[PDB]
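**Student:** When you get a sec, could you build the whole thing from the sequences and use the hints?
One letter stands for each residue in the lines below.
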Amino acid sequence: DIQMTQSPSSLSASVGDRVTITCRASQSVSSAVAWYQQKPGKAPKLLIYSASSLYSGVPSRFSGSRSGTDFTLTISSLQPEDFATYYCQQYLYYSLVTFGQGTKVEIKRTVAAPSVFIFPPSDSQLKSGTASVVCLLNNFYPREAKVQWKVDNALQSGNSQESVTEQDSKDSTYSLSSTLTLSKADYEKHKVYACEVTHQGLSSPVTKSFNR
Amino acid sequence: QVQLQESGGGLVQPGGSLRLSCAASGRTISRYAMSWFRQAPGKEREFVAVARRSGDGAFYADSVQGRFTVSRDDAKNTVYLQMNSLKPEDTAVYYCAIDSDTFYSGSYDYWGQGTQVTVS
Amino acid sequence: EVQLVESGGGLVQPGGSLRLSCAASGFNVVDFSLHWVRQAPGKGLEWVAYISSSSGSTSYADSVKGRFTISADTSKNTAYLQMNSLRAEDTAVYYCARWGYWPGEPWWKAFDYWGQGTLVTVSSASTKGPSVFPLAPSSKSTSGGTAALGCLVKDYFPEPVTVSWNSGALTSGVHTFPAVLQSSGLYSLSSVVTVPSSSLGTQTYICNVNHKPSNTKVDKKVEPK
Amino acid sequence: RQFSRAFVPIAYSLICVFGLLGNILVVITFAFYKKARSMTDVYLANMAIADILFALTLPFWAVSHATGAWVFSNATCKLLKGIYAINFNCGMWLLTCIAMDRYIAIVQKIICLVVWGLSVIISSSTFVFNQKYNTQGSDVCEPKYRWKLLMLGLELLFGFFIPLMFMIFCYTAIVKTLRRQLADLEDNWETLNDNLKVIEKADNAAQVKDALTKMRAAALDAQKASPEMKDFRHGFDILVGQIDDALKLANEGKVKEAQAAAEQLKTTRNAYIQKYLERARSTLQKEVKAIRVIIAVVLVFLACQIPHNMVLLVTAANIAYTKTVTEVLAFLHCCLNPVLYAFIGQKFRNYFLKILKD
Ligand SMILES: Cc1cn(C)nc1[C@H](Nc1c(Nc2ccnc(C(=O)N(C)C)c2O)c(=O)c1=O)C1(C)CCCC1
Ligand SMILES: O=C1CO[C@H](CNC(=O)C2(c3ccc(C(F)(F)F)cc3)CC2)CN1C12CC(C1)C2
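Residue numbers (PDB author numbering), protein chains in the order written: chain L, 2 to 213; chain K, 1 to 120; chain H, 4 to 228; chain A, 42 to 149, 165 to 201, 209 to 288, 300 to 392, 406 to 445.
Worth double-checking, as some hints may not be accurate.
[Said to hold, decoys possible] In silico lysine-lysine, BS3-like type, Cα no more than 27 Å apart, as pairs: (1) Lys200/A <-> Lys277/A; (2) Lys40/L <-> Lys112/H; (3) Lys223/H <-> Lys209/L; (4) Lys192/L <-> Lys143/H; (5) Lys209/L <-> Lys112/H; (6) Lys105/L <-> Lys171/L; (7) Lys228/H <-> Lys190/L; (8) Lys46/L <-> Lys109/L; (9) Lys112/H <-> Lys277/A; (10) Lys109/L <-> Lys87/K.
[Said to hold, decoys possible] Residues from chain L that keep clear of chain K, each with C-beta distances beyond 12 Å, as calculated: (11) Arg25; (12) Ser53; (13) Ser64; (14) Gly69; (15) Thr86; (16) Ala113; (17) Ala155; (18) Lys192; (19) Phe211.
Just so you know, the hints here were simulated from the structure itself, not pulled from any lab data. Using N, Cα and C, we set each Cβ at its ideal position, and we do this for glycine too.
**Tutor:** Now the structure itself:
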């Protein structure tokens, strides 16, 4: 019944920056809050125990502080190994441990506009009876971008699935793939197929379309 | 009912500085996001910088990294853009845009008339 | 060192049963309480259950009460988590963590040593090969500069698939998207390549889809129209 | 205004003799009690030494006021302003190192000579300033009129902006520290007592598990707020070692056996917790009353010698009753310190009655 709210959902900073992550409990949880670091594809690791004492093995750049029910994890100098997910957790009792929503620490980068491509389905899939139209957004930053589908100048909902790749090793950007999956008789009823994208690095929304 | 007005600009010597101010009436600057755009007389609308709510940070483009700095004022409901180490290639009209989406999608609809910044 | 491993993870049908093992080596179960922490794919961590071996006290979370059964075995230094009636929200990775006993400092080090955990996925579909379709480089899309290619797989049931491009000779520019789950209970994945358009007619592009659970290797070509 | 100079000096002589008697009493009580000599004790002792340095020469001020004008040479008046200046700045820097030591004692010989050296620097800067300006036919001794004024201005800026705001910061930090520490022992005793009444009223709708988790959080904080130090921490290990014992039985639905382990909650609360929560309350209330002595000797040093100093600067840069009411205020502070020690300072009230009953 104790809820912990982690305030920064996504956090962006570069190497050498000082970052802070705040968590707030519903009731008092005393000084029993731990901070876990989870790399993608790995088990979490304990960084801070009892909200102030760093664990034996972790580097000394990680610190913790408590102010009433407000807990704070501060990294004074960011490192390339410090980019991971961070969880706040109260541990007042064995049967009442609740974790935070998580904070993803990404790499601060220059804003790049997405490269927008549209792929109509090949005849093979069309002949199958179920057609999928792809709208690819390549090499953009930050993550927050939206794609909408305007079939015959009409918006669509519930028929598009988006898959987002994480940060690359070289340029550290994002890439999106919006797949609209629909039947054969509904596709042959329409002519204009467009995907329109909006991004924070983009002045006017980019619409890529075809006619089939 | 949302209007937006910008100040600053003029003629700046190369290597100089400027501090533009962008303020909107009829809508609070807080809880939304602020963005700055360049428009050259011969080129297309180029991106400069974007400011988020409170303290998630600000993001600048590949040409204005280090030189430019964005500050926010939710109490005064305005934003400031500080330009340092100028170049004659930076001569452009500076438009000020506001993100309508809370999730920073990029719904850029309420533009402004902008100020002209020119070099030498 | 003292360490914990997990086992028993796999694929079950909805309404089935599964018992994960949790083997602890180097330390005894009667000195440290053992917990199962659940991470849904792409979502945050969530605690499930705990067992105290000395006092015999077990407890569950609210979403898993009655359906889940936790146990321990001091003779093999193992802890077992038995699940019945696994609904569609129960597909996740399960981690087995240790925790000290009050009083003293081991109670303060909450979840100090973790295990790697196991993936438990529930679904009603059966193993089948992917269907590969070419995402053609349309010539009007950025003519004279760089274009984008790709081959899309649509309906394949197990997660681990491997997409290679030109038999591993292409590494720069390939973006292989994470697989999403459709409404039909299967997985769709896309792997796109950005090439310069001057080498479209000269160079050929081949994608190899490798699906070891179905033993299916598809070499489908991509060509502009 | 002959009656002003006629009615100052008998009062000046009486506060002079009272101040010198009281401060020489203070130094023989240090000369007898040299065992519990705290850093507060030696800092206020050096303040007393500056006070008896100032205390001898108010008869010179009294016979200067009684004759209607100054009698002695200008060097005597320069020495009188110098000893008033070393009294003021000795008090300032001694209360500054008082703020130093109470900050480093609460929040977490050589410096006396440093205070004396800063005092004699102030004495030099008022030595180069003082001259008998016989204005309007009366040979009064008032300092009045480029680098010297700027040096005095920067010294005033340093010795007013740093130590006064330092007093404000450190004393507000202390009275927000020692009040919150006393507050933190209040709600920890409250929810350990209030929620124990909820447990005995929790046979209705299973509010047992909600109740002890509030006590689990509070009694962990009270443990965090030597053989005697071992008993302080150990008294809370069985207190929450029977909270989770009444929470293990609360998870299984044994509400009746949760109340049986709730009867053992009061037993450790009286035998281990109420003994040490009262013992910590008396020690916390003892140190918050010694602050009230330190606050009072600071706040009256800025209510007596400061408004006389701010009226000396405006009358030197460029209403005589405003000058007259301030000229009796700072000179009253030499005798006013032993007045404040008996009726506020609880330590001095003990041995003063012991000396009277010796
Ligand atoms: C009689 C005597 C014998 N001796 C050894 N010291 C005294 C007096 N000392 C006194 C206080 N001292 C403290 C006040 C506040 N705080 C702390 C403290 O913080 N600690 C931690 C103890 C104090 O020492 C009084 O009040 C008070 O009178 C004098 C120096 C001043 C008057 C006579 C000589
Ligand atoms: O005649 C004396 C005898 O010594 C006093 C002592 N005063 C100071 O030592 C200091 C002081 C503090 C506060 C204030 C106030 F105005 F703000 F109240 C003024 C001065 C620290 C410098 C000042 N003078 C003066 C007149 C010119 C200064 C020589």
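**Student:** Given the hinted pair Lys200/A and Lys277/A, is their alpha-carbon gap at most 27 Å?
**Tutor:** Not satisfied, since the Cα-Cα distance of roughly 68 Å exceeds 27 Å.
**Student:** Does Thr86/L clear chain K by more than 12 Å, comparing its Cβ with all Cβ atoms of that chain?
**Tutor:** holds, 17 Å
**Student:** Does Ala155/L sit more than 12 Å from chain K, CB to CB?
**Tutor:** holds, 19 Å
**Student:** Verify the proposed pairing of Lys209/L with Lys112/H, using a straight-line Cα cut of 27 Å.
**Tutor:** violated, 54 Å
**Student:** Confirm or reject: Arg25/L is not an interface residue toward chain K, with every Cβ-Cβ distance exceeding 12 Å.
**Tutor:** holds, 15 Å
**Student:** At 12 Å, judged by beta carbons, does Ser53/L keep clear of chain K as stated?
**Tutor:** holds, 24 Å
**Student:** What's the verdict on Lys192/L and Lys143/H, does the C-alpha distance respect the 27 Å limit or exceed it?
**Tutor:** holds, 18 Å
**Student:** Does the structure keep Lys112/H and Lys277/A at a Cα separation of 27 Å or less?
**Tutor:** holds, 21 Å
**Student:** For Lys40/L and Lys112/H, compute the direct alpha-carbon distance and say whether it is at most 27 Å.
**Tutor:** holds, 20 Å
**Student:** Taking 12 Å as the cut and beta carbons as the points, is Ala113/L off the interface with chain K?
**Tutor:** violated, 7 Å
**Student:** Classify the label on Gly69/L as holds or violated, using whether its beta-carbon is more than 12 Å from each beta-carbon of chain K.
**Tutor:** holds, 21 Å
**Student:** Holds or violated: are the alpha carbons of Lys46/L and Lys109/L at most 27 Å from each other?
**Tutor:** Holds, because 24 Å separates the two Cα atoms, which is no more than 27 Å.
The structure shown violates the earlier hints numbered 1, 5 and 16.
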